[PDB]
Amino acid sequence: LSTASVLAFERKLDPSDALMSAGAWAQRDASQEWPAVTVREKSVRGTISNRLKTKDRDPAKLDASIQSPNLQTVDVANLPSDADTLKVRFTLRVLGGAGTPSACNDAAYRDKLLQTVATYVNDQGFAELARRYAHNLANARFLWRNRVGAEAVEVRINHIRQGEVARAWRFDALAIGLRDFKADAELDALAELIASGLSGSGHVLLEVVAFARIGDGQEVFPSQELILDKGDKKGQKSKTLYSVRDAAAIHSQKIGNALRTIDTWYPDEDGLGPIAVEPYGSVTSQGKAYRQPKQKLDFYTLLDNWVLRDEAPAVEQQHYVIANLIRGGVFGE
Amino acid sequence: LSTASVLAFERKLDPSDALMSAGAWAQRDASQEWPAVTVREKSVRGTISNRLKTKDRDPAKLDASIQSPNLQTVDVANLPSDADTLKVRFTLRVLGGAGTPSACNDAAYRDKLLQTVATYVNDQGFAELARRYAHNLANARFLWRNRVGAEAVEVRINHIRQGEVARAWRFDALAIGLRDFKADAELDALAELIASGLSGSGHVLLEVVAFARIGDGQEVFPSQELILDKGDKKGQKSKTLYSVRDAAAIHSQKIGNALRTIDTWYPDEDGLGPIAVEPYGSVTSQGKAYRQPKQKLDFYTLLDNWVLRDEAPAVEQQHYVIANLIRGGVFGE
Amino acid sequence: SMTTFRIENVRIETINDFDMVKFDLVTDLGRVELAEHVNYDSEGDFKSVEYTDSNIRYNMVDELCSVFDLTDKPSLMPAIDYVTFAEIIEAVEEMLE
Amino acid sequence: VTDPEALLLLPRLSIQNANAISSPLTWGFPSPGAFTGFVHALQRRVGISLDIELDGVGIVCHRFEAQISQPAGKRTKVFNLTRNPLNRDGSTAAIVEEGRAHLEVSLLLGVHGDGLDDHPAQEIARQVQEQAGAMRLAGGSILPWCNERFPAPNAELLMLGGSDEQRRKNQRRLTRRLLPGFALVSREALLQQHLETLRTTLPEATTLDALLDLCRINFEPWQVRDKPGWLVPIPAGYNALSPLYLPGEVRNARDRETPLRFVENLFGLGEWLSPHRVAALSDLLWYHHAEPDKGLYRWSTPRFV
Amino acid sequence: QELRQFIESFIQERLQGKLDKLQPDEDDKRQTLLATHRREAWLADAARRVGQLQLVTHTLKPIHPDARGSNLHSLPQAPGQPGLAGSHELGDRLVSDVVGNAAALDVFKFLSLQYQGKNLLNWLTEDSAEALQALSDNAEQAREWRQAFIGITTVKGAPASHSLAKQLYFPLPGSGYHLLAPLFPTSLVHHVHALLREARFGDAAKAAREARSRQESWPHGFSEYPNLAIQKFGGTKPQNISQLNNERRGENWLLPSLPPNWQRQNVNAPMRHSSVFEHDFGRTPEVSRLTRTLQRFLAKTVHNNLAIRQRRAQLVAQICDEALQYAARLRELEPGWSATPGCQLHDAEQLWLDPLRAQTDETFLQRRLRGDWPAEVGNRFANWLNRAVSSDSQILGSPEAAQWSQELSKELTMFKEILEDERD
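Residue numbers (the deposited numbering), protein chains in the order written: chain G, 6 to 338; chain H, 6 to 338; chain K, 1 to 97; chain B, 3 to 223, 239 to 322; chain A, 11 to 434.
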């Protein structure tokens with residue numbers, strides 16, 4: 006048996022965009038009329054804060070550089086300065102039916118992959134991945150830079166089933182840590198709900214409302230749209246912020262990256278925290294890629310050793326293989 | 006008998022583009038002024054998650070290629086954060102005159118083909134293909150990915166006669182299945198209507214309105230353009246979506262491909278679902294073309310054995326042959 | 001059934017800015033040659049043999065069908081479909097490696 | 003060429019997936035020969051049970067939303083396509099490039115025949131609409147009408163009876179039924195003016211079709242050439258090259274009772290005026306002449322200026 | 011003339027591109043091909059299998075994927091028409107669309123590669139002494155090679171078209187049909203591609219744009235089009251149809267076709283001062299472009315009356331009529347409007363630059379819109395045109411300003427006659 010030519014896996018755990026809107030704390034209960042955080046412009050000038058080549062390290066070059074300043078427009082979203090929170094609201098549907106590939110080629114490799122994933126599921130649940138998704142929803146990992154340096158971060162999660170809610174979770178994203186996947190009771194109720202939704206036995210739609218005391222008019226951090234510089238003089242707007250219609254907004258895939266930060270099993274250390282579940286497990290904010298293919302703790306090597314010639318990996322590498330199955334993606338060469 | 010070297014057919018079961026518009030639920034009865042879902046851009050930073058080659062997977066160029074990620078500007082349509090439904094409205098006309106080809110060389114071959122189709126229709130009407138077209142309108146097969154994981158999908162069909170309705174149909178596209186063509190009463194009234202349309206009686210009109218409780222601002226999947234991408238510099242702009250005027254729309258051939266998925270009779274497996282009726286009946290997802298000319302279950306082989314050699318195949322293969330007469334096409338050599 | 005696919009003397013040429021593979025499809029009925037495009041890799045080595053959008057799908061159809069069985073072929077079927085094509089061109093692909 | 007007695011009308015024909023290629027060297031609008039073919043197909047599926055004929059056709063082109071994209075920030079525009087089913091092996095298909103657009107347009111028909119007084123006006127207009135609603139138009143379908151309800155009537159008039167100011171009253175009814183539209187008629191007049199003003203160098207019509215739809219830039223005697246109207250290069254028929262073969266001679270024909278000729282298509286010049294420029298609305302019709310021996314098939318706009 | 015050049019170039023090609031990987035195993039064919047194609051015998055070894063193609067001008071390969079037919083290769087016609095032109099005006103005859111079997115690139119290059127005043131396969135067609143005299147051509151084998159080479163323009167041998175190759179009817183007046191089969195004029199496409207390539211770039215237009223840098227430009231008219239359209243042929247391998255490889259890459263393009271509203275506009279109309287500063291005049295982008303043209307070429311002299319009276323009048327009245335049509339098509343977006351606050355434009359555009367109102371008021375109100383003629387709105391538009399645009403101020407007694415004033419009065423009267431029936 007050989008691997009197929011073209012694989013595909015649809016994105017389970019589909020998140021949405023986020024709305025950011027700032028109101029006063031202790032009015033967080035009635036936080037539905039809060040005005041949206043508006044992306045607006047300012048206009049900065051800079052200095053020379055780059056490494057010179059020691060080819061341009063000449064005093065005439067420094068004088069001509071600091072006397073001709075790199076001036077540029079930058080748009081930055083701040084809070085309304087009468088308010089000290091950040092309501093971030095996003096919704097998350099948890100599809101389920103994980104291992105079934107979208108567009109395969111073979112009928113032998115397909116049935117082998119289906120029965121391997123079903124052998125995992127009927128052996129042990131999705132409860133490991135569900136507890137760890139509940140931890141990354143119960144802290145404020147999706148608040149990427151808005152979390153760091155906050156007084157208290159409260160996460161309220163509601164289970165939307167019909168047009169109204171069914172169960173409400175109140176959390177505290179600083180008491181729950183950032184590097185420990187410690188167990189609780191109501192965390193395990195949330196993990197039971199997500200494990201009910203990931204194994205085909207229901208339709209779970211969650212919405213997540215995260216509050217964060219930052220300060221009276223401080224600076225939030227939305228997601229950042231890219232822009233290429235044109236063939237115009239002096240440069241122009243160099244930090245375009247992502248906005249839905251008159252509202253600053255975090256991207257969908259960024260919150261999707263901060264849900265699936267699961268992998269504490271990578272061979273580098275457990276003394277560097279969980280990282281994002283990817284094949285060739287790589288974090289761009291630390292440059293280095295963990296799980297090198299010259300080891301045997303890759304993804305492609307584990308899946309092709311666990312499907313084709315059936316020499317199964319350990320339980321923790323099975324958790325990793327099915328976590329980056331359930332992220333989705335394209336596979337095959 | 007001598008054949009014809011030019012064959013052409015019409016397109017009965019002629020759909021349209023599908024407008025999409027997002028409003029609330031239980032206000033769908035006034036679903037006439039809902040705003041349209043707008044294709045809007047974001048930009049996403051991709052890292053490497055592909056199968057690297059047979060050699061040259063050393064860590065140095067890997068974590069050098071991760072420090073230089075690839076960038077792309079993906080546009081993804083979404084519901085607004087006020088709405089939770091997806092009104093997908095298209096219109097469908099059925100043209101009638103199914104057996105009559107649009108171009109053929111030989112007059113005796115045309116008379117032989119018309120007496121074959123007349124012998125078919127006088128023996129057994131279009132009731133089987135009409136029930137299965139009505140089943141593909143009853144479930145929400147035209148909602149291709151938007152049906153994957155919805156709370157409830159409801160499909161309303163109206164038979165327009167002059168400028169107004171003449172009969173309504175309130176369905177439920179989850180109680181009615183996806184891989185089982187069982188009988189109803191109201192759905193067989195639709196089947197009688199479509200078979201009355203396809204018996205040459207004339208132009209019969211329908212419009213179809215489907216709803217989908219996806220979520221409070223979740224992700225829709227409209228049809229995606231194909232830019233031919235003949236090498237480099239076809240754009241960083243990936244996933245350009247299809248847009249009729251200020252709307253996100255589904256392609257006419259994609260709805261026409263979702264309605265004509267009839268073919269359950271291909272030999273290899275009935276458990277792998279009904280497939281889209283084609284000559285050399287091929288699903289573009291699973292790669293392999295079913296109804297090979299290995300056996301005698303092709304379209305070309307069965308049509309030249311049922312028109313010329315006069316030996317009739319079974320009732321089910323007759324339904325297949327007339328289903329890809331009624332999708333149209335062009336033949337000959 | 002079909003013929004034993006004795007594709008032989010598998011050539012390689014570069015003729016007026018493009019490049020082709022020539023061979024001899026010799027059968028029990030007759031022998032022909034089939035000029036087929038080749039797609040190299042981005043380095044310069046033999047990679048693939050232009051499966052789709054080929055030359056003998058367009059310009060060598062009758063010369064490929066002057067060899068095989070065109071007696072039990074219904075006329076609504078194009079004669080590049082009834083002619084087995086895939087394993088012939090994969091055998092051409094593997095015998096340049 | 004027979005001066006009509008009526009101006010039948012179909013006010014908003016919203017079509018989908020039209021064929022915006024139309025030629026080997028234009029791409030915008032579906033060719034007016036397709037519109038004359040549609041009127042002749044209406045004449046064959048209406049004007050046999052009514053004893054009339056239909057030759058004239060108007061074009062107004064209310065809105066034109068195409069289906070294009072530009073690649074990688076360049077100033078050219080590639081077409082976007084449709085996938086195709088798989089082969090016997092099931093790998094991928096030979097994808098050929100064909101364009102696609104979306105339109106609406108009204109049609110000013112012309113009823114030359116005598117069956118106008120043996121039937122009332124709304125009956126003939128209603129059944130011409132009931133037949134035109136089920137016919138592919140230029141490689142594309144015609145969308146039907148929903149519950150917005152306003153242009154659902156289909157008007158008509160009577161050219162044979164009336165005064166000058168009454169015909170102006172019927173014109174004021176029609177040209178307000180077509181308010182945002184842009185008409186389309188072909189010019190040999192302006193094109194021969196450009197021949198006999200560029201005529202010193204060479205009478206080649208292709209270089210001056212190419213040099214007329216252009217933002218041209220010249221020097222001192239910044240300057241861009243101007244024009245009162247909006248111009249378009251459109252195919253104006255067929256320029257058959259072959260000797261006309263007998264019906265059974267040509268292999269693989271459509272049918273074997275009408276003869277074939279092999280053709281390159283001509284090129285003329287068209288424009289886009291509002292309907293309120295030219296007065297009489299019998300000036301906005303596309304008759305088409307044809308001749309057997311001369312291999313010249315043509316889509317003219319006669320009686321115009 | 012030809013008694014050394016093609017043979018020596020064939021040996022030079024067979025020696026340069028013949029020993030990149032030349033061991034004795036490759037030399038077992040390299041020595042044979044090199045000794046054949048150095049001086050003489052490679053021409054006969056190429057004309058021996060040089061009969062797969064046929065040089066046909068009005069080709070028919072790119073008008074369907076794989077529908078083999080009859081690529082007819084004749085001259086288009088006599089023109090016969092007043093205002094038409096096309097493939098029957100070729101003349102320069104870029105008829106080298108010689109396509110056929112794909113493995114005849116050598117035969118194509120040998121046919122094309124004798125361009126010293128004539129062709130190379132079109133040069134040695136008749137009178138073969140001028141191609142087998144300086145090179146010592148024989149009788150039997152030389153005549154066989156000459157016949158098999160110069161007979162490449164022969165017919166395919168069938169009048170056959172194909173099923174998916176665009177056969178379509180054409181109704182004669184008063185009689186039956188001649189169903190016409192259009193082919194693809196690939197030599198006309200090559201000619202117009204060369205013209206539009208020198209429009210794109212090259213030596214003329216590139217240096218003209220460089221001359222319009224530095225602001226010292228020459229008398230020279232360059233050219234570029236907005237809104238081209240690329241149609242590509244062949245897919246990922248454009249030499250399955252020859253001459254779609256070299257001279258257009260299989261990357262044909264299509265110049266103009268667009269409607270007047272091709273770039274699709276929208277309709278917005280507010281009821282404030284921001285929609286009242288120009289909301290009673292009809293100020294859109296096309297109206298602004300027409301006013302910019304009439305303000306950049308409108309305050310000039312009238313001593314060129316034959317190029318001025320038909321130009322400035324057709325510009326002013328043309329822009330006024332286009333603005334009237336565009337304002338009618340854009341002001342009727344909403345289905346409801348009446349007398350309300352900010353309706354100061356409604357005293358002029360309540361019936362002209364505005365759609366039909368609501369239908370729930372009293373029935374004795376058909377005289378406030380049926381009688382509201384285009385004297386206030388059209389007079390205000392004429393006054394706005396005469397207040398923004400003007401005439402000659404030092405030559406205010408001349409005839410150009412009088413013709414412009416008559417054109418402005420006629421434009422105001424035409425706008426009034428066109429928009430005065432907004433209730434009737």
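Everything labelled a hint here was simulated from the structure, so no lab data went into it. Any given hint could be a false lead.
Unchecked claim - Computed Cβ-Cβ distance ranges for the label pairs, DEER-style:
#	chain 1	residue 1	chain 2	residue 2	range
1	H	243	A	403	46 to 52 angstroms
2	H	107	A	348	50 to 56 angstroms
3	B	85	A	397	53 to 59 angstroms
4	A	397	H	244	32 to 38 angstroms
5	H	243	G	235	57 to 63 angstroms
6	G	251	A	406	50 to 56 angstroms
7	K	91	A	31	20 to 26 angstroms
8	K	96	G	274	46 to 52 angstroms
9	H	31	B	85	51 to 57 angstroms
10	B	153	H	74	51 to 57 angstroms
11	B	85	A	146	29 to 35 angstroms
12	B	122	A	317	51 to 57 angstroms
13	A	403	G	251	37 to 43 angstroms
To be verified - In the DSBU-like style, the derived pairs of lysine-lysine whose C-alpha atoms are separated by at most 30 angstroms in a straight line are:
#	chain 1	residue 1	chain 2	residue 2
14	H	117	G	239
15	H	259	B	79
16	H	235	A	420
17	H	299	H	239
18	H	242	G	238
19	H	60	A	31
20	H	117	A	216
21	B	171	G	238
22	H	58	G	242
23	K	22	A	39
24	K	73	A	176
25	B	79	H	242
26	K	47	A	39
27	K	73	H	60
28	G	259	H	301
29	H	244	B	79
30	H	239	A	39
31	H	47	G	17
32	K	22	A	166
33	K	47	H	58
34	A	420	B	171
35	H	47	G	244
Stated by the list, open to error - Some but not every residue of chain A turned toward chain K, in silico, with C-beta under 10 angstroms:
#	residue
36	62
37	119
38	250
39	251
40	386
Beta carbons: idealized from backbone N, C-alpha and C, even for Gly.
Practice item. For the hint on residue 119(A), just tell me whether its beta-carbon gets within less than 10 angstroms of chain K. Key: Hint holds; residue 119(A) Cβ to chain K Cβ min 5 angstroms, cut 10 angstroms.
Practice item. Take a quick look at whether residue 47(H) and residue 17(G) sit within 30 angstroms of each other, Cα to Cα. Key: 20 angstroms, holds
Practice item. Using the Cβ atoms, figure out if residue 403(A) sits within 37 to 43 angstroms of residue 251(G). Key: 49 angstroms, violated
Check your understanding: Between residue 299(H) and residue 239(H), does the CA-CA distance stay at or below 30 angstroms?
Key -> Outside the cut-off at roughly 40 angstroms; violated.
**Study point:** Pairwise beta carbon distance, residue 96(K) to residue 274(G), judged against the given window 46 to 52 angstroms
**Key:** Between residue 96(K) and residue 274(G), where Cβ atoms are some 48 angstroms apart, the hint holds.
Point to revise | 30 angstroms Cα cutoff - pair residue 244(H), residue 79(B) | key: 17 angstroms, holds
Review point. Range hint 29 to 35 angstroms: satisfied by the CB atoms of residue 85(B) and residue 146(A)?
Key: 59 angstroms, violated
Point to revise | Satisfaction of the residue 62(A) interface hint, Cβ to chain K closer than 10 angstroms | key: 7 angstroms, holds
Check your understanding: Can the hint on residue 386(A) be confirmed by a CB-to-CB distance to chain K that is less than 10 angstroms?
Key -> Interface hint status for residue 386(A): violated (67 angstroms vs cutoff 10 angstroms).
Check your understanding: Holds or violated: is the Cβ of residue 251(A) closer than 10 angstroms to a Cβ in chain K?
Key -> 8 angstroms, holds
Check your understanding: Taking the CB of residue 122(B) and the CB of residue 317(A), does the distance hold inside 51 to 57 angstroms?
Key -> Check passed, 53 angstroms falls within 51 to 57 angstroms.
Review point. Can the suggested window of 20 to 26 angstroms be confirmed for the beta-carbon pair residue 91(K) and residue 31(A)?
Key: 23 angstroms, holds
Checked against the numbered hints above, the structure breaks hints 1, 4, 5, 9, 11, 13, 14, 16, 17, 20, 21, 22, 27, 28, 30 and 40 and satisfies the rest.
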